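Note sheet for the following structure.
Yeah, one chain of the complex is gone here, protein chain that is, but the others are all in their spots.
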Amino acid sequence: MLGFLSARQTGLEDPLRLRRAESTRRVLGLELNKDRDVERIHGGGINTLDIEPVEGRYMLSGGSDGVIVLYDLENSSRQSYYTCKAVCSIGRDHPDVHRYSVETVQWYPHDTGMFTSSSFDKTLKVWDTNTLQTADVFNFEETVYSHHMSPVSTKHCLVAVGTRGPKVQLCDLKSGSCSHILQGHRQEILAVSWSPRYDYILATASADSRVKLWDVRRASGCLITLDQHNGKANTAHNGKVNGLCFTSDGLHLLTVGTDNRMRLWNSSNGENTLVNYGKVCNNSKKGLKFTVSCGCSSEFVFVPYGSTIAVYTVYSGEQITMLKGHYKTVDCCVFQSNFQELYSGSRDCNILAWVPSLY
Amino acid sequence: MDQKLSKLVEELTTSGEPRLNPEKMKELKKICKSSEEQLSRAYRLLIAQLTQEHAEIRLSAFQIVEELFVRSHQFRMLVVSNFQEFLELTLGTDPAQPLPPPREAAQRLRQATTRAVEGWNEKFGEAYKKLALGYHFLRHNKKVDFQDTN
Amino acid sequence: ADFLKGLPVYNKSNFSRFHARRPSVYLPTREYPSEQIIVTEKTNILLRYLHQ
Partner (left out) sequence: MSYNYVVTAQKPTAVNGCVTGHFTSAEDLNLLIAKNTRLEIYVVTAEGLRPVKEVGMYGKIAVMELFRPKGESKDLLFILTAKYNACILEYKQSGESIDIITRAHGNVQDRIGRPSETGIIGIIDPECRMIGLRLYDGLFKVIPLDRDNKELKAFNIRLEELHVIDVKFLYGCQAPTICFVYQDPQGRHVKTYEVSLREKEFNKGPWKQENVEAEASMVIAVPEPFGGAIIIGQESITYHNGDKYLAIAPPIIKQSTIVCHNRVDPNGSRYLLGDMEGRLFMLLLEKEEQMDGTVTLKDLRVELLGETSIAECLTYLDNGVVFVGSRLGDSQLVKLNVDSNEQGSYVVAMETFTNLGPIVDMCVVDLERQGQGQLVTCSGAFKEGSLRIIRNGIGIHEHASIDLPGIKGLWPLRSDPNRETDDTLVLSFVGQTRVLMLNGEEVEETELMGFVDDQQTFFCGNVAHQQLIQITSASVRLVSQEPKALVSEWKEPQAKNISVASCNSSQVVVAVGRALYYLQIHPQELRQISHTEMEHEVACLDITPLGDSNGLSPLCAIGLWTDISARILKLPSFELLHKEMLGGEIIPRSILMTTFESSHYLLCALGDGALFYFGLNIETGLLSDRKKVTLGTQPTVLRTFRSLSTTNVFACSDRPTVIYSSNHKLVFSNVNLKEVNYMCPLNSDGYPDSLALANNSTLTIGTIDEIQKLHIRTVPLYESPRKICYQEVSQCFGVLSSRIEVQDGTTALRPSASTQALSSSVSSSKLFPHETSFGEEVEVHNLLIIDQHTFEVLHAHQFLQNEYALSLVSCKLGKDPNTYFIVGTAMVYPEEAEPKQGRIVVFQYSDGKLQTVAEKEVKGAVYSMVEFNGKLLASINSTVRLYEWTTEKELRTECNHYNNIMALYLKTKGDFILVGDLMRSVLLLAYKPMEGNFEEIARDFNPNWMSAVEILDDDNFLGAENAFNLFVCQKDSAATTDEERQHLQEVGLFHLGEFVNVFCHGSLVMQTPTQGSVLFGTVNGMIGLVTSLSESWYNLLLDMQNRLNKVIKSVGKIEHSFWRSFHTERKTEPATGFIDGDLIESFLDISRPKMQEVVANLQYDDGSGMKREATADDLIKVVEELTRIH
């Protein structure tokens, strides 16, 4: 650790090199912190975690029991051991409480005040955080399996919703309309994710074993369909592609299928890069959420691997590690790139924190 | 010394009596107190006995584990390091691995394990929050009734 | 050393009167219009590749 400090001081290595090397070392040393904890309020499993984007202080956890918890990661206790208290929570007491499980929760990428929560109740609600009241509501005909808002979009705040229905929905928050409908899929779309690089590109994965990349401008047809074999067909996996996430820079896309395979693709032309990630066990019938690191030498991907968390490499494929601790299958993994932290919400109603321990 | 520890563990686990012999248990405790390596070997032997397909052997091994947990800090560290496998072997949490016969001895083992885990959470939950977590994992997630007779 | 024979001399006088003064700072005040501006073509790479 001293060598990097000396190199930075002398200017042999630019500060970015020390930053990236130290971040990689810390991510390698991720371990289940016994001291830090997050108070167990959820009565059921955790279907999603999402730390706010602007400063990574507040995290949103949606539970299987329909309870939303706005945890605060700011350590106000001044103690090495401390419990991340729930600053506020929407539970059964609150009238607008999601009756059923809340599948995903995602802050407004522009303003930290508002955040979106979609539930198995057939509804997607936009809450504020000044009063934690449901600012807006959208009701669908099929249970919202996933919902995402473009993080690189300032012109529109379009929300892409994938439900049991095979038609993707696009709704405008500013105009308060659910007008747009994209068609072409055959069954429930389990994962929708905008491309961070290109504003108007949406990647949609379904249980039809296909990943379709669309341009919202052209309301006619889908741009591309990822094929594992590159035409040597037109299918991302042998089962259900229930996990989808772009790489931090948006040049690659990671797809996790029920065939227990994780595949990397070029985001530009959609040909399988053929990275062999091995058997990534995945038996979840619901959309599986996985997160990719940011600002690290090698982009890590954290995939819920049964009841552990498998950390691989996005640009090599080598299985960096398998963090254990959770008693039940891990459901959601959210990575705080600010301090190279990880927070996984398993169905055991626990929010386990994983931190780089170096001594 | 190691062969003596192995023989004592075997005799204590294969005796089949509902209660451990106090003299052999005192000798075992003295050996576990004489060296930390002997304590770790006793731990490994008890784990290997919990894998046996006999509920009386598992019960006796659990009683030894409980006594060493209450009396030894490093044995507590060892048990916590592998608390998941311990709970699987003693309560039969995994439905694919039911408790071995006889049924009455398996029930007694389950009751004793539940009570011991309860008392361990009561006495050491603040520091040993790990074992505490699993406790609630079986308590609420697994709806294990602590007040149930069986 | 035969290999040091022929180092290319741009001008014979350069460094001929070498002697063993810091530059004056340039502080422009006038403005001459920039002939060209560099704007990154926003053309989506993936759209271009697909259409190709």
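Going in written order, the chains are labelled A, B and C, and every chain counts its residues from 1.
The rule we apply is simple: a contact is a pair of C-beta atoms (placed from the backbone, for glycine too) under 8 Å apart; a residue touches a chain by one contact, two chains touch by 3 or more.
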Interface with the unshown chain - residue positions in chain A: 1-3, 5-6, 8-12, 14-20, 22, 25, 55-57, 74, 76, 78-80, 152, 196-197, 248-251, 266, 268-269, 295, 297, 315-316, 318, 338-339, 358-359
Absent-chain interface as seen on chain C, which is shown: 1, 3-32, 34-41, 43, 45, 48-49, 52
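Following the convention adopted for this analysis, only the chains that are shown with their structure count from here on.
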Whole-Å gap between the CA centroids of chain A and chain B: 40
Chain A-chain C separation of Cα centroids, rounded to whole Å: 45
Junction residues of chain A, two or more chains touched: none
Complex interface listing, chain A residues touching chain B: 34, 37, 40, 43, 327-328, 347-350
Chain A partner contacts - residues on chain C that touch it in the complex: 44-47, 49-50
Residue ranges of chain A touching chain C (in the complex, touch as defined): 198, 200-201, 213, 215, 223-224, 267-270
